[PDB]
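One protein chain omitted, others in place.
Chain lettering (A, B and C) follows the sequence in which the chains are written, and residue indices restart at 1 in each chain.
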Amino acid sequence: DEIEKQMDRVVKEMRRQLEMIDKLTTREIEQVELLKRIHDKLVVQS
Amino acid sequence: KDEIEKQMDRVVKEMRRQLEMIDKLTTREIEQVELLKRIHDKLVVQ
Amino acid sequence: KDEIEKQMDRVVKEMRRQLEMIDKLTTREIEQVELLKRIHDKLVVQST
Partner (left out) sequence: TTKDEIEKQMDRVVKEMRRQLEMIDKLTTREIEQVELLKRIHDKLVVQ
């Protein structure tokens, strides 16, 4: 079937893009942590 | 000095770009889920 | 066994709801980064 071949291509795209979302979310959490280090460095300022 | 705040500004602009990428990529995922149900609907039609 | 199509239909509806939730939370995140940009602007008006 050609619908079954299309479903396989789509399922494979969704996993690739979904891992990319997951990678990018992970990077965002580390950038939120850097903001906590930036905030912590702001009260140690004075 | 004000290298903390300039760094935070670089981080804030970074998170916007990457959170937009997450958002655009999630949006594409939802459109692929609906194509997936159109495939499911095309499978009962076939 | 046309229960795989019933399973596939159950999964696609599940993924759309959970994916819409991801999309709402990301959208909320962007509003908070801009709130963070307003905080950044208030910090330069303060030190300077």
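Here, contacts are C-beta pairs under 8 Å (C-beta built on N, C-alpha and C of every residue); 3 or more make two chains touch, one makes a residue touch a chain.
Along subunit A, the points of touch with the absent chain fall at residues 4, 7-8, 11-12, 14-15, 18-19, 21-22, 25-26, 28-29, 32-33, 35-36, 39, 42-43.
Touch with the hidden chain on the side of subunit C covers residues 1, 4, 7-8, 11, 14-15, 18-19, 21-22, 25-26, 28-29, 32-33, 35-36, 39, 42-43, 46-47.
Basically, only the chains that are shown with their structure count from here on.
Each chain gets one centre point, the mean of its Cα atoms, and the points for subunit B and subunit C are 8 Å apart. Mean C-alpha positions place subunit A and subunit C at a centre distance of 11 Å.
Annotation for subunit A: residues 21, 28, 35, 42 touch two or more other chains.
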